[PDB]
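J.: Chain by chain, the residues:
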Amino acid sequence: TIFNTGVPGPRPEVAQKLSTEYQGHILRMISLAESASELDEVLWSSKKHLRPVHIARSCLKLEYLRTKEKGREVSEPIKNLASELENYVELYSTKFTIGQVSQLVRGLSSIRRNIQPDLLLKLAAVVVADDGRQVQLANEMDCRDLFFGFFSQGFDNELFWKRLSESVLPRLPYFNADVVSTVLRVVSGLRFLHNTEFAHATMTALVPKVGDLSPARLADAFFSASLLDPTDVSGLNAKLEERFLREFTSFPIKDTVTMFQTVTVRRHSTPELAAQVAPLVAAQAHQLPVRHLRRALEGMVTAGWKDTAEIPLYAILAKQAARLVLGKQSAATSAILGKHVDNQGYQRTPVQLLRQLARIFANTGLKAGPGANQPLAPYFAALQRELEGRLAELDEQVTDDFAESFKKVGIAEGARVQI
Amino acid sequence: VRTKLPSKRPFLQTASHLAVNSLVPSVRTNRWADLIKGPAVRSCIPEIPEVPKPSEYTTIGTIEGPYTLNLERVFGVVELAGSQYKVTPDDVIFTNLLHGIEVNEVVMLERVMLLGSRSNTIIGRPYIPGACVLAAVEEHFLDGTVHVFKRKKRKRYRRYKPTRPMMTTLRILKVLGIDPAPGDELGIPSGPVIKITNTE
Amino acid sequence: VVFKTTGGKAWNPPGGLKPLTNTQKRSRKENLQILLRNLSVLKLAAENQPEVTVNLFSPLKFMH
Amino acid sequence: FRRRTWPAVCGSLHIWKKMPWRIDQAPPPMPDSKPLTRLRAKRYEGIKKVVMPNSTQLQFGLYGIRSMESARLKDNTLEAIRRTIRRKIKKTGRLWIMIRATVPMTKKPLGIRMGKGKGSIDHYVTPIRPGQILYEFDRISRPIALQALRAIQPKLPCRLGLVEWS
RNA sequence: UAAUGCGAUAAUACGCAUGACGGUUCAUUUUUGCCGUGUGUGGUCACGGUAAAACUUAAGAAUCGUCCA
RNA sequence: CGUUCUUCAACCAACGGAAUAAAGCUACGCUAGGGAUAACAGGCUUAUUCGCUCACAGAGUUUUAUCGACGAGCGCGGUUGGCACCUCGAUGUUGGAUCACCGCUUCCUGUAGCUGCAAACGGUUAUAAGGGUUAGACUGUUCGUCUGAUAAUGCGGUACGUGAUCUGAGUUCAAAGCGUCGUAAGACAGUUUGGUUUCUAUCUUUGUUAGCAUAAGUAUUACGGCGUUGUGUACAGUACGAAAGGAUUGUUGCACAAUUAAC
RNA sequence: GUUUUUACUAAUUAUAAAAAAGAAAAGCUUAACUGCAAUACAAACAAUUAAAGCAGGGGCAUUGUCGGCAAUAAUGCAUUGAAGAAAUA
RNA sequence: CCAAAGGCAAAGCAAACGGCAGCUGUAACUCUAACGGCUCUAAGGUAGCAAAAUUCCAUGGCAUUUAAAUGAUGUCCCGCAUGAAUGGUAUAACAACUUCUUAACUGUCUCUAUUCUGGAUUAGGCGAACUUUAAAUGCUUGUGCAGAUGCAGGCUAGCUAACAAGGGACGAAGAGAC
RNA sequence: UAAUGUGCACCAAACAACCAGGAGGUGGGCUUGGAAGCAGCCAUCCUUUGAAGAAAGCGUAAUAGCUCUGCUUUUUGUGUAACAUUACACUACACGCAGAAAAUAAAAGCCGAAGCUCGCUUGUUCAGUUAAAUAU
RNA sequence: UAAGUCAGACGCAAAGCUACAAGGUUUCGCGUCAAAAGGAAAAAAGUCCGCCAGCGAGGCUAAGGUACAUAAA
RNA sequence: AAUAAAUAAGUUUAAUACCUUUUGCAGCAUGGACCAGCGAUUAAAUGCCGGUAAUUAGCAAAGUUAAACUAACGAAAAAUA
Ligand SMILES: [K+]
Ligand SMILES: [K+]
Ligand SMILES: [K+]
Ligand SMILES: [K+]
Ligand SMILES: [K+]
Ligand SMILES: [K+]
Ligand SMILES: [K+]
Ligand SMILES: [Mg+2]
Ligand SMILES: [Mg+2]
Ligand SMILES: [Mg+2]
Ligand SMILES: [Mg+2]
Ligand SMILES: [Mg+2]
Ligand SMILES: [Mg+2]
Ligand SMILES: [Mg+2]
Ligand SMILES: [Mg+2]
Ligand SMILES: [Mg+2]
Ligand SMILES: [Mg+2]
Ligand SMILES: [Mg+2]
Ligand SMILES: [Mg+2]
Ligand SMILES: [Mg+2]
Ligand SMILES: [Mg+2]
Ligand SMILES: [Mg+2]
Ligand SMILES: [Mg+2]
Ligand SMILES: [Mg+2]
Ligand SMILES: [Mg+2]
Ligand SMILES: [Mg+2]
Ligand SMILES: [Mg+2]
Ligand SMILES: [Mg+2]
Ligand SMILES: [Mg+2]
Ligand SMILES: [Mg+2]
Ligand SMILES: [Mg+2]
Ligand SMILES: [Mg+2]
Ligand SMILES: [Mg+2]
Ligand SMILES: [Mg+2]
Ligand SMILES: [Mg+2]
Ligand SMILES: [Mg+2]
Ligand SMILES: [Mg+2]
Ligand SMILES: [Mg+2]
Ligand SMILES: [Mg+2]
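Chains as they are written, first to last, in my numbering: chain A, 1 to 419; chain B, 1001 to 1200; chain C, 2001 to 2064; chain D, 3001 to 3166.
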């Protein structure tokens, strides 16, 4: 009756693979994965039961995982996992559907990975095969991903874009505003579509319904419309400007900065608009990446706003730019925590962006060197420290460009900034 | 204990431990085995690589019209559909159902294990690189009915399940890799006219 | 095995259980060598155990 | 391995532990002169196969006879052996008898079907354990002891051996 | 545990008095046998138990005897 | 008149106790079921029975010639038992008539030793299964007792051989008597007188014969069947032996009996 | 049932129960109660077994125990009948 | 012999239904007990007959009958468990009753043979019945729901029937009566 | 019983066999009609010493005699109810027999299932989070 | 599942009863059969190996085998 | 148990019907000669447990039948004033 004595011990730990009975749980498992390593193990265990639907969904999941690591370089495990998913796509290159191809391209484009030119042609052939019969079955979300996904990959095949545009043309009037905005972004980015019938049709389709555009899409539409149609043949730019004036206070900081710069390019800026922008930008200057800081400086400078005692916006922007370049935010947090050995990831800005910012500050008209405490002093001080560690990247032309900026601001003695 | 009623002792003990844990907090708050538990891995040893094999069969074209075949003086051994065949031109073989091919198409077989003539023999270990066999697809058919019957005497058990297997038929056209012995060359046209439709 | 030599049921031929042949003896020798070899391996594993146990992946544990 | 539960390891009521007779290794005591009992026994009480301790020796004499196997001997067999030994050795010989038949055995008469209770006593037996010493001799020579051993060997179902004190 | 223990008036103020010899009662798991479970052509197998039974040499403790070598 | 609480009692001892109570016969019997279950035969078991070996104590008194034991082991499946495995939509009882096949643990007819073997008549062991193994009085018998002869009148297996071949005296249906038991119906497991025994052979086995299938005659050899028996007498009152008594031996001679073959 | 004393430590159908325990001796007593009860042992069910604790009235002590007896056997459902008391009609 | 338990009747009735003992001592040597003692009951079986149509030991002992007698007749006798109108003992005649013996006769038998009439058997005509899961259906040992034409080993080689016998097909007939 | 092996014991002669004596006190004492070595008891001592027991056995009414424990040459592994292993025997397939053959493999290897495996066939088990244009 | 089942059998290992018999009987531990085809031992319910969705002239093994019957030294 | 799987067509290998009833049946246990036709959990009322719907049901026609429901502890405070 009794053949073993004692309390039952722990069960043995056994390595197992996915069984055929649970083939329908693969999509759920992909969603539940919380890291690249976990997703790698999920795919490995299910290797014998992988299908094109699973391969496409995994690449889309890379975008979700990478989002949690914003502000840092793409992690090594993500890159290694992407190197394996690419091989699977090659095997199933001709078995994907139009909806699945859109997911695959978006995921790989978000990770900033360049797909091989031969794979793009094979993937492109799938979309436009059979006279675009399957394009009539792709929904709005599929179309949006196809346009932006292929554009972000640098695809420059004239025939592919010609056929794709023809199939989508009759459906534009029924797409949502956000989808139409993405189409305009692609059209403006492709030179050979600048003055086609498809380009005009897109503008005419967007004008009737503009109240549904989101802040981010609204800013892009205004940018693209201004570039494509300098003269208001269609009542689009005028309508977009009216919306900007009415709801200027409601939009987020990033979109307001971008839209303001577009108005200055359009030469419709007024002193009243410049005055109203300053209090909002000064308060939320810390919520603008380096790219948006450059837009803010150019827009305000073009508008003609001058530094005021109450709101010295230029001084605030210079400090904010220095923090982003130096990446002091991570160090500041570690100081409060008490552990200064904390790893700090960063995305170094390109030298080209540094030159553009330096020229804009020089054109601002403020000094940095002469005075002990000048508004632009911290930015140039940070620039010198950064360039000291990037001398290898420095070139003769780059040195001359910086030297001109240094001379304009008032530092030409070959000495480090006071601060 | 003599009673056959299932015992409720485990239920009574669980109710007591749950009540104590609910009301009385524990003193310890960590477990070292949990703290240093490492990431899950697939295995503790390197994976074993697979051995490559030549392609089984691939289409190369179609047949345009009626043709004739003559006898040659070479033969070979080819692996196909899980079994091996000894073939010479103008032979007919029967295999399991092959997917992805159509009647009046020409296929290429590359898993060649042995080539022979009347003056030389070539042995593959286990396959001969640079040899192939050509064949024409002639039929996709259902074979004769096989009647499957089971019964158990005196147990009221009886089952009947007829079935029809699926198979494919091929005709061998050419064997490439070994030259005929001197004086055994076929000096006249032998095969059909093939429209090549597979360029890689 | 059957050792009983009585009764009408002929489990064994007349004369009882027959002695093992040379092949049967060799068969039983190899069965015991396998058993002894397994015990020798478990001794090696115990003398070379690492400090930290390895964690192995299982899809079913992952799901739950 | 021991077949008990965890509560039994801690609160067993079997306080006074006695080893069962079937497997107890203690040597049997010297035979006494008590009268034979009239109480029926169980068949296991007449059989015991465990070997004798590894320290057994002669206790009184210089020569003796031991059993190399277990067996169950009846009262009739012992009487025949006793007469044979007495006649073979001498009148002027010292003999110790270390065994006695004391376990009753039952039997039923012919023509009786199974059941209706246990039978009545028919005879007595004694168990013999391997290596046990059965008889001891003194005031004799070694050749005489060998003659006694050969005389009784055909009359017993178990193999016998000679023991000497040294 | 000498604020001990024992006593024949036995009460405890008095009697014997903690050493030394002799005889009794209580470590390489002492290591062999034996027993239990699993497996088994009935033993060229494995592990455990004996503070249940037989079996070794000590060292110490508790009385007891004693003009003491 | 009804309800609740506090309590008890009777038969339930076949003691989970209820249809209030409450014994028998059937051989004049009937129906529904079981080889789940008995009687005959088979099977398993071998206590018992029987046989052999060891044991050589004890009688005989030199001999283990012959008789023979305590005790132990092994074998047989024929004695008395145990079990309930096959058959209850059926496996005909005891003995005999008729006709058989087999084993050897040998009664006679053989062969070779020992002997408390002079001869004759015996005793015992080993080996040998071809032939033979009688006619009657009593009894339903098997068995048993007895009578006149005989070389001798062996044992066992075969569904304790044999009823689709015969017999029916016993046993075992319906009638009746006596004795004993029961108040009685009745019972005996005691005894006595009487009391129905069916079947045209389809398959297999066996004895004969014809037709059909490779012309007829003579046919060595091979293969198969059968089984070469028994008593008396003469060779001799010789060998042997005090006497009495009384032989051995034979491809023997003669007469007779059984069996077989014909006439 | 409960208190006190000590030259005692037994016996049962059977039995290695028990020393802050029992037996005997001396004194007072009726808890061999009324109304309830957490949680367990066992067990097909019916029933059967142990029991902390709460309220009332008591006994011996003077703040402890008593809901019969060292423990393990001395028994019988429902129905029907009968008695004491109480509530209706 | 009418006690007990019943029935009937005039408080009595047995040719109404029924019953009818045991222990122990004793005569010349022995044996036996004519003759004593005790207990109990309603009464304690009298005459007659008796190895029976009644007897367990049993085929009792003796005589006759035969060469040979579990037989028959006679006889001895407390007879497991005989017995007097559920009658006891005898009895001339009578009996398709049961038992034993004598004379004669015979195929009942030693021991069978021949033959007549009818059937069988051969030919023409006429024309049933029991039975049938399917069959192209050998022996022997082994095996097994424990006795095999059909399973395993060792054997078996012209073909289909007729006339004849009755070992097996746990042969056929009737849902075993014991 | 047989066969093999181990343990133990013994070319200073083990084992089998031929060649000579087995004496005297002594025929010990006793019993006895006889006893010396053998009807039966006590005793089992002494000497010669080349051996010898107050003769082991067969017998003689006692005798005598043979040969036996022990003796010199001569030629000459043995013994062992001690142990272990293997294989046999102690008497009926009572219809009729387990094939043929057989004085050498637990070997590198191989055969062997509806088990495992390879090829083919049938049934069963929705989400969309990214914006990376340097335009005046 | 308010279903069916309440006739069990044998092998190895123990104990009671029988005669330390029975293919006997009563309990108990494991396994197989019942309700289980396939392979090995002669036929082979209960022993040894091993659990059949279907087809195929592919391959490796288990128990057991490797001069003939009969695949392999 | 008269078939199966194969074959060079000569042959070779595998192979003891079915039902019922049983611990176990090729069974020497039960039933059937063969063919055609007929031959056995059906209907009503009520109750219980699942599934699918209506969103109370039936009459009547501004009013009546049937069913169902009907007090348990009024327990929260989340104000960067
Ligand atoms: K009852
Ligand atoms: K019957
Ligand atoms: K003879
Ligand atoms: K009358
Ligand atoms: K008459
Ligand atoms: K017949
Ligand atoms: K028919
Ligand atoms: Mg049998
Ligand atoms: Mg093997
Ligand atoms: Mg009842
Ligand atoms: Mg009947
Ligand atoms: Mg039966
Ligand atoms: Mg039974
Ligand atoms: Mg003989
Ligand atoms: Mg006979
Ligand atoms: Mg008979
Ligand atoms: Mg007959
Ligand atoms: Mg009658
Ligand atoms: Mg009468
Ligand atoms: Mg009467
Ligand atoms: Mg008549
Ligand atoms: Mg209950
Ligand atoms: Mg109180
Ligand atoms: Mg109490
Ligand atoms: Mg009368
Ligand atoms: Mg009359
Ligand atoms: Mg006629
Ligand atoms: Mg047979
Ligand atoms: Mg046969
Ligand atoms: Mg019947
Ligand atoms: Mg399988
Ligand atoms: Mg029942
Ligand atoms: Mg039962
Ligand atoms: Mg049984
Ligand atoms: Mg069944
Ligand atoms: Mg292999
Ligand atoms: Mg071969
Ligand atoms: Mg049966
Ligand atoms: Mg029938």
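Be aware that a few hints might be false.
Here are the simulated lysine to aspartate or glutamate pairs, EDC-like style, with alpha carbons at most 20 Å apart [unchecked claim]: (1) B:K1037 with A:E242; (2) B:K1037 with A:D212; (3) A:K122 with B:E1200; (4) C:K2061 with A:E86; (5) A:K48 with B:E1050; (6) A:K408 with A:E396; (7) A:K48 with B:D1034; (8) A:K48 with A:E86; (9) C:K2061 with A:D212; (10) A:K408 with A:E393; (11) A:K328 with A:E310; (12) A:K17 with B:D1091; (13) A:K17 with B:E1200; (14) C:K2061 with B:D1179; (15) A:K47 with B:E1064.
Calculated from the structure, these hints are not laboratory results.
J.: Indicate, hint by hint, whether the structure satisfies it.
T.: Now the hints, each set against the structure:
Under the criterion of a C-alpha separation no larger than 20 Å, the hint pairing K1037 (chain B) with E242 (chain A) is inconsistent with the structure, at around 60 Å. Proposed proximity of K1037 (chain B) and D212 (chain A) is contradicted: the alpha carbons are some 51 Å apart, above 20 Å. For a cut-off of 20 Å, the pair hint linking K122 (chain A) to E1200 (chain B) stands: about 15 Å separates their Cα positions. A hinted pair counts as satisfied when its Cα atoms are at most 20 Å apart, and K2061 (chain C) with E86 (chain A) does not qualify at roughly 28 Å.
For the hint linking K48 (chain A) to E1050 (chain B), the alpha-carbon distance of about 15 Å falls within 20 Å, and the restraint holds. Among the hinted pairs, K408 (chain A) with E396 (chain A) is consistent with the structure: their alpha-carbon atoms are about 18 Å apart, no more than 20 Å. Of the pairs offered as hints, the one joining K48 (chain A) and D1034 (chain B) is violated, with about 32 Å between alpha carbons and a cut-off of 20 Å exceeded. With a C-alpha separation of about 17 Å, the suggested pair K48 (chain A) and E86 (chain A) falls inside the 20 Å cut-off, and the hint holds.
Our distance criterion of 20 Å between C-alpha atoms is broken by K2061 (chain C) and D212 (chain A), whose separation comes to about 46 Å. At roughly 23 Å between alpha-carbon atoms, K408 (chain A) and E393 (chain A) are farther apart than 20 Å, so this suggested pair is violated. Between the alpha carbons of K328 (chain A) and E310 (chain A) the distance comes to roughly 27 Å, so the proposed pair goes past 20 Å and is violated. Under the criterion of a C-alpha separation no larger than 20 Å, the hint pairing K17 (chain A) with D1091 (chain B) is inconsistent with the structure, at around 45 Å.
Under the criterion of a C-alpha separation no larger than 20 Å, the hint pairing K17 (chain A) with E1200 (chain B) is inconsistent with the structure, at around 37 Å. With a C-alpha separation of about 61 Å, the suggested pairing of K2061 (chain C) with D1179 (chain B) is violated against the 20 Å cut-off. With a C-alpha separation of about 42 Å, the suggested pairing of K47 (chain A) with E1064 (chain B) is violated against the 20 Å cut-off.
Going down the numbered hints, you'll see the structure goes against 1, 2, 4, 7, 9, 10, 11, 12, 13, 14 and 15, while the others check out.
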